[PDB]
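Just one chain is shown here, as C-alpha cells, and it is the form deposited in one PDB entry.
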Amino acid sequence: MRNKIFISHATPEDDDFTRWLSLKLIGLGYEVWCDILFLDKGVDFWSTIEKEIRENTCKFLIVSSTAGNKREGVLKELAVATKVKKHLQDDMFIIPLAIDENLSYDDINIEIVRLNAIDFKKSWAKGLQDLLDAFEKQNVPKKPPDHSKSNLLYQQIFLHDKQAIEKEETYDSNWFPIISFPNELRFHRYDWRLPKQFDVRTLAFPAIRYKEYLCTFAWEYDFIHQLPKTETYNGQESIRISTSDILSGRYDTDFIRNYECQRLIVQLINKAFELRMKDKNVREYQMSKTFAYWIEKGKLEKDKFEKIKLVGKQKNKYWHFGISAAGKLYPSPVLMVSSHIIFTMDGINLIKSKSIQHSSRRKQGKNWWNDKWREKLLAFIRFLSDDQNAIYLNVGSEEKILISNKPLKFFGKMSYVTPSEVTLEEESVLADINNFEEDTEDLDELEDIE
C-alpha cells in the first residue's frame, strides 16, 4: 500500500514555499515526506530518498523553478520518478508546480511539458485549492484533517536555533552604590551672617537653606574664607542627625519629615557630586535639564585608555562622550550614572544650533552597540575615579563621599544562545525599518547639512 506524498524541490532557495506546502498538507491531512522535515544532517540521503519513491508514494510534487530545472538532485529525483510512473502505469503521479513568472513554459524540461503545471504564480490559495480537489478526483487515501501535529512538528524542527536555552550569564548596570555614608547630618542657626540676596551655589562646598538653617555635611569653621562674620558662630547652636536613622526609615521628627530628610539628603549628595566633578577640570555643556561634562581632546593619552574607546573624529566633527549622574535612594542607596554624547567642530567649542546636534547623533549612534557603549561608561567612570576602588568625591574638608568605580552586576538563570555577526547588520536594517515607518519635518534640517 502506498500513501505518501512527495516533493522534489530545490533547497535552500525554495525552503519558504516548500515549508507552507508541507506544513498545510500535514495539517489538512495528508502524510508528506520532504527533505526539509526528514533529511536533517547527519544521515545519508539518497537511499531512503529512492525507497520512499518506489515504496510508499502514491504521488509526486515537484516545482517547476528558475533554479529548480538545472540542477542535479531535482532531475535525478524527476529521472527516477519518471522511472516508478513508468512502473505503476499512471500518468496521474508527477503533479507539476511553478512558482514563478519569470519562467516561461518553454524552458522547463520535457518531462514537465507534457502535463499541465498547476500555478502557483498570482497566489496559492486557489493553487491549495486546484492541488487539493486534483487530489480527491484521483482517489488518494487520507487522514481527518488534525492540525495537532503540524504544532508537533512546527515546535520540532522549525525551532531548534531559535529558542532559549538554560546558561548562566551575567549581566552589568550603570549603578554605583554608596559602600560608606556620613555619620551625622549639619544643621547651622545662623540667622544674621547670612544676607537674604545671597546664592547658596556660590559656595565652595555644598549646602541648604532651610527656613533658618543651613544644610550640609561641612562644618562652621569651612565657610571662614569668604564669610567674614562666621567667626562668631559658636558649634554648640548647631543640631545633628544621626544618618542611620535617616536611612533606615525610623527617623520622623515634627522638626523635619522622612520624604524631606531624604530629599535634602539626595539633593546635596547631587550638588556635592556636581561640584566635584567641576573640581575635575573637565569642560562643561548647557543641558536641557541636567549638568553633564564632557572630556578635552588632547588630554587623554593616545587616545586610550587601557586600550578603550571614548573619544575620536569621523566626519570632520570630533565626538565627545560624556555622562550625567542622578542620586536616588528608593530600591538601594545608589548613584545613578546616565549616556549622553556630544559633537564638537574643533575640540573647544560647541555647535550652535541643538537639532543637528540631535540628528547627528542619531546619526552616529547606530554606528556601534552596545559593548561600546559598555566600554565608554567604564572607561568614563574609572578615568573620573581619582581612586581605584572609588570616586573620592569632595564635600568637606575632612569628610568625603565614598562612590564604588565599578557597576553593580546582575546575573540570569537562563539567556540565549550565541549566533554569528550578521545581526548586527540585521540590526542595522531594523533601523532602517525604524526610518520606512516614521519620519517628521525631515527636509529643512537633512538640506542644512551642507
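Positions refer to the first chain, counted from 1. What changes on going to the form deposited in another entry:
- Hinge residue for the rigid-body motion between the two forms, chosen from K137, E72, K196, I165: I165.
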The other form holds:
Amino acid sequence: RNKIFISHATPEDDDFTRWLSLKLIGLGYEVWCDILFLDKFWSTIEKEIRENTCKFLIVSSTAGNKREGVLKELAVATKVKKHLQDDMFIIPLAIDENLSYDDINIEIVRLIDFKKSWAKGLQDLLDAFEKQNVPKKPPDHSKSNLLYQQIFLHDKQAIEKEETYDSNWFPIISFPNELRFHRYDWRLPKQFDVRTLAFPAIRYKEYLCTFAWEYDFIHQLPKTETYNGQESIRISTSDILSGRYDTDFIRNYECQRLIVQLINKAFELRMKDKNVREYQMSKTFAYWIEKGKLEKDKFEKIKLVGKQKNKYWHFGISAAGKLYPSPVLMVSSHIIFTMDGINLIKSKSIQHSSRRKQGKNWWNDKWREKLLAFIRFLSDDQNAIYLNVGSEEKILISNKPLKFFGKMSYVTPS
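Now that you have shown the form deposited in one PDB entry, what about the form deposited in another entry?
No partner chains or extra molecules come along with it, only the chain itself.
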C-alpha cells in the first residue's frame, strides 16, 4: 500500500535504523519500524509486511545477516513479494563493510549499500524510491521530530520526581558566645607566631582575636598571666554573623573574615588531635587516613583507603569555613596517594595521575559516601565535630551536610 518496512538486527543495528527511519519520515515516507513503537507483536509485524508494506527494507549487516526476527520478516516479505510480483519489493541495505561477498543471505545476495557513506546510500535509496512508484507525503520533519521525542526520548526526560541531595556544606551548629580581642600589649612577643598557639588566634591591631578565654595561652605565653580581662574587647558572635556589629574597632566584614580564619585554624588544629594525616595541597591542607588506622580500611562500611595497583589511595578532605548563606564548612574531597599507606608520594605528578585514575570510576554515590564517612570519622559526638577554639569554647560542625531537595529528577540508568 503506502507503508515502508525496515527489518533490522534489533539489539545492535539501532543507530543506522533510527537514523534511516527518522530521515525517511522527515521526507514524508510512511515508515514502519520495530524501533518506532513503545510497549509492543509478530502478528502486527507480519500484518504490516503482508498487506500495508509498499517497500520492504532490510539492514544487511553481518549481525543482521542471520537473525531469527530478521529472517522471519524476510520470509513473510518474500511471500508478499511473490504475491505482488514486484521485482524490487525487498531492498537490502548493505551498511557493514565487514559483511563479505557471498556471505549474505541467499535471498539477499541476488537482490543499495551504505558502507561507503550513509548520505550516498540514502540518496540511492531515495532515487530507487522515485524510480518505482513509492508513495510519499510532502517532507514533514515536524513529525520526525515528534516521533523522535515521543519514542527515542520517551524514557530520557526530566520527570516530576522528588529528589534529595547531600551537599559539600556541613553547617556550623554553634559558635562561642563571644569573640574576644585580648590586649596582650607586651605579654605577646612581637615576633611570636600566633599560629603556634594552642587555640586559633589572629593578631588583630594591638589585640589577639580568638574565641579562647584570656588565660588560655598561659603555657605558650607565660606573660599572659597578670593580664586584666577588662581591657579585652568582647563582641557577640551572633552580632558578627548577623551583620549587626559594625564598629570603628573592626569592620563587620573584617570581623566575619577573622571568624572564618579562626574556624579554619581551629579545623587545622583539630585535625592534629584527630589521629589523621595531613597533605599540603596548593591552597589548603587535605586530611587523609593512613592504612591500618581504620578497621579493614573502612569506616561504617565505607572504604576510605584502598589499593591502586602498587599504590595506596586515601580519601582526603579539606575544609574551608564560610558564613555567607549560613555558617558552614565546605569540605572538598581529594584522593591522596601513598607508597605503602603511610608514606606519602613526594612527586605531585604521580599524585595527580593516580588521583585521576582513582576518580575515573568514582561517581556520585562513591564521593558522597566517602565524604560523609570521613566527616563522621572526624565526629566527636553523635552529630557534631568539636573544634577547640578555647579551653571552654567549641565550634560545632554538623555531622550531616546541608540537605537540598528538588521537584525534578530522572529515572536512574540501569
